[PDB]
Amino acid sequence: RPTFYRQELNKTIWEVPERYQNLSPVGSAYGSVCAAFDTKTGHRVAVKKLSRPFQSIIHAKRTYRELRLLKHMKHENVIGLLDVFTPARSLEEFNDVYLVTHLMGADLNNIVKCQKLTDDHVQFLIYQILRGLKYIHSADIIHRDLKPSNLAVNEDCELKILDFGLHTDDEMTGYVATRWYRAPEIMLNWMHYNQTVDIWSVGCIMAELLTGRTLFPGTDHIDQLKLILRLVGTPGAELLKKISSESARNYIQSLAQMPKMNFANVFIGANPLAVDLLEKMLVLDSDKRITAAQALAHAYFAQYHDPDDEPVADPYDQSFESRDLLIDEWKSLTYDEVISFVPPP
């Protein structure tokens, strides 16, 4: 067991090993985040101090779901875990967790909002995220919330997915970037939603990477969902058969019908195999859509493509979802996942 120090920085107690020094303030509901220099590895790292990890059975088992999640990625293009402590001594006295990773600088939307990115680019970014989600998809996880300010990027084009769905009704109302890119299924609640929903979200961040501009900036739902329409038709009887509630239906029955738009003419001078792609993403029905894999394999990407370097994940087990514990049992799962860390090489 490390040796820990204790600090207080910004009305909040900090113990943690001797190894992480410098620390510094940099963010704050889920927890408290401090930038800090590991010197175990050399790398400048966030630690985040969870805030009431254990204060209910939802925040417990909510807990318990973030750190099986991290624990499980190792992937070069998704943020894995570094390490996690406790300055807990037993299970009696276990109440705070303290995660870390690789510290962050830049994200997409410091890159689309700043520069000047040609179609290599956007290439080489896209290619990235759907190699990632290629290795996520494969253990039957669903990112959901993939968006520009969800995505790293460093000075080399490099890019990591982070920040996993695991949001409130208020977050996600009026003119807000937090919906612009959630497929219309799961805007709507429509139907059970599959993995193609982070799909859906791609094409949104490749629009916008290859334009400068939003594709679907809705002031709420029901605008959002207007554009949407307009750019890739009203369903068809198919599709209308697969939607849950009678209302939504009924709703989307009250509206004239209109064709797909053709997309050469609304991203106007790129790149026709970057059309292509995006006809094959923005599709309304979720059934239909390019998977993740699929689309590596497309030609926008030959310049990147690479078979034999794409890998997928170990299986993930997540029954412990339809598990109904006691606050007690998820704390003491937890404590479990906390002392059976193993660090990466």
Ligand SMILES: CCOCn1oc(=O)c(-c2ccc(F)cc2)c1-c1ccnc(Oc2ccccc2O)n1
Second form
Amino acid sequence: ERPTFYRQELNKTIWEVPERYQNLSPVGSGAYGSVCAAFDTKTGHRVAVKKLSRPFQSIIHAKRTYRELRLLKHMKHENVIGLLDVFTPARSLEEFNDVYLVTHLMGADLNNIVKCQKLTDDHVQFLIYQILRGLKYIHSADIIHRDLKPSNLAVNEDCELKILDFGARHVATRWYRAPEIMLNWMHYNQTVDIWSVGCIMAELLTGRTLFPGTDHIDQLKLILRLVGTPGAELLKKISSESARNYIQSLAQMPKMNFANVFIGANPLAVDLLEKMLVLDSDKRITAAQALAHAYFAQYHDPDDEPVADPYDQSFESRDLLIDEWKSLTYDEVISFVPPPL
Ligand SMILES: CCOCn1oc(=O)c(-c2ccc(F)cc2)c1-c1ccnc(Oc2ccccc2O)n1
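Beyond the form solved without the named molecule, can we have the form deposited with the named molecule bound?
The complete assembly is shown below, putting the previous chain first.
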């Protein structure tokens, strides 16, 4: 089989999709793409359709299309965005130049669902548990999110949450960023995603952004004032002289009393936060560890927290030319096989 398409301009952009999907309605766009809500007539479902902006405009563009198609094809978890479909109108490699991605429309992000804010301990518990559950899977594939933030979480009105790996507004990235990755570090880790999860949690229990820096310099100042200036041990792990100084040069920040800052809320929540917002990535709790913690007693089930199949990202090392990335991508478009009902 090979479907028939129809073009239209969802302002000011042109869309070329199988007749399968109807009622294409714009829902947002960034620099790397445009999404539309729509109805999958096959399954009778509502879906999100993403048209990538110019997938192969450059080497940098080429490899990221590829990166995106590859991760999305790999992700099969209820807490992580995956692919229902992927298509192109082209009929040969020769004319390949557009890529479309299909997934379950969620219709909003955490932000979009949460404001004005401060929800019951109960919803926080549930939202964060879904995030730690999807993160468990992703990390288990040897993948680091690194861009975890509210606008990177897709939530529907049933409060079900999915992590999207690529996807801002319509959040301010450095507000959610592990300190280590605002210092040029490192041979750092997975637990940078744990920092952000802590940052999101704080704001949900609190109704306000934990660390709304104005820049990377400010950002660190606010982080330090909560968590305090670094132990001499941590210090010794820092090779970056300039990093050491910036730190070593501050008010000697005392570690603040979580209890007092946070907030009148569930002492379990706070003791978990305590464990997520650590200066040392080496000492930060892990997705899986975080899931087995008292705070999520009513949601936590160890035999329903799957981990992923291994993912080859050896491609990340390579340096190919646009055409090779492009044909790589196409090959993956060609080979895609759809999910089961
Ligand atoms: C436009 C804001 O976010 C878009 N988001 O980034 C993406 O990149 C995709 C995306 C779409 C298709 C795909 F195959 C993969 C990702 C979606 C996406 C995925 C699923 N549902 C929705 O619905 C939303 C609508 C408005 C606001 C937030 C939403 O979550 N978006």
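Between two forms, the rigid core is the largest collection of C-alphas that superpose within 1.5 Å. Numbering follows the first chain given and starts at 1.
With the rigid core aligned between the two forms, the listed residues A183, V78, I141, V153 include just one Cα displaced by at least 2 Å, namely that of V153. Once the rigid core is overlaid between the two forms, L91 does not reach a Cα shift of 2 Å, moving by less than that. If you fit the rigid core between the two forms, you'll see the Cα of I199 move by less than 2 angstroms.
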